[PDB]
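Heads up, the chain below is alone and in the form solved without the named molecule; it's given as structure tokens.
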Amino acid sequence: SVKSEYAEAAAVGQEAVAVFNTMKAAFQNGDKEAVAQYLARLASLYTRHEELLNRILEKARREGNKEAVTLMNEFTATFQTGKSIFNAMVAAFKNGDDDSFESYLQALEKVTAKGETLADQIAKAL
């Protein structure tokens, strides 16, 4: 069901949380090579999370599950913020700008954290 599909999406999001915090440890240790690889992994995970989220929202719409559609619109809006800041983070890494990278790393955390009470609400609506 859409619910199992959201569980699969939730797991992929958690995988990105795991890799992100392991990437944040590398960065603070100055292990740039590991960071470069982790950032490639994270993008691949976020891109796959986005795809499971879009399919879930489209399916909620085809089902007419108005509340789930509302919440998923709100979720996908927060999700595009993460994308924007994530792409700037990667750009700061490319540029060698550690000050901007640190800042973007903190932003994503508050973007991910804030967007979590919604994520649990979607589970319960689908």
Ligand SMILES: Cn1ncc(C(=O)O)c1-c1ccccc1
Second form
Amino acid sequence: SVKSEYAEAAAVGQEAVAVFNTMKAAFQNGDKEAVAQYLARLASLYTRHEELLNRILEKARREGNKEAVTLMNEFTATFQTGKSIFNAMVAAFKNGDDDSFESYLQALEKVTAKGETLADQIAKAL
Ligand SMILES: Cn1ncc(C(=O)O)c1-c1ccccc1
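Can I get the form solved in complex with the named molecule as well, since the one above is the form solved without the named molecule?
Now the complete complex, all chains and molecules, led by this one.
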């Protein structure tokens, strides 16, 4: 079902959360080789998550589930904000701009924390 498909999508998002927090520790410790690998892993987790969320939104639309479509449109929009900040973080790492990396890291944390009440709403709505 679309609801179980969302819980799977939710688990992929939580894998990205776990890897992200590990990466943040590696950044603080100056272990740039670990960071590089974790950023590659995160990119793959975010790409997967994004595609899964699109399939869920499209299914909700086909089912005529207006409330779930509304919430998923809002949630996917916020997802794109996090993704843009993530991509900027990756660029800051490439460029060796630790100040920008710290900034973007904190911004990505706040954007993700804000989107959580909506994330739980969607589970109930599907
Ligand atoms: C509860 N829930 N349902 C979907 C998601 C997601 O990130 O897709 C989440 C979520 C997971 C970790 C942090 C914030 C939201």
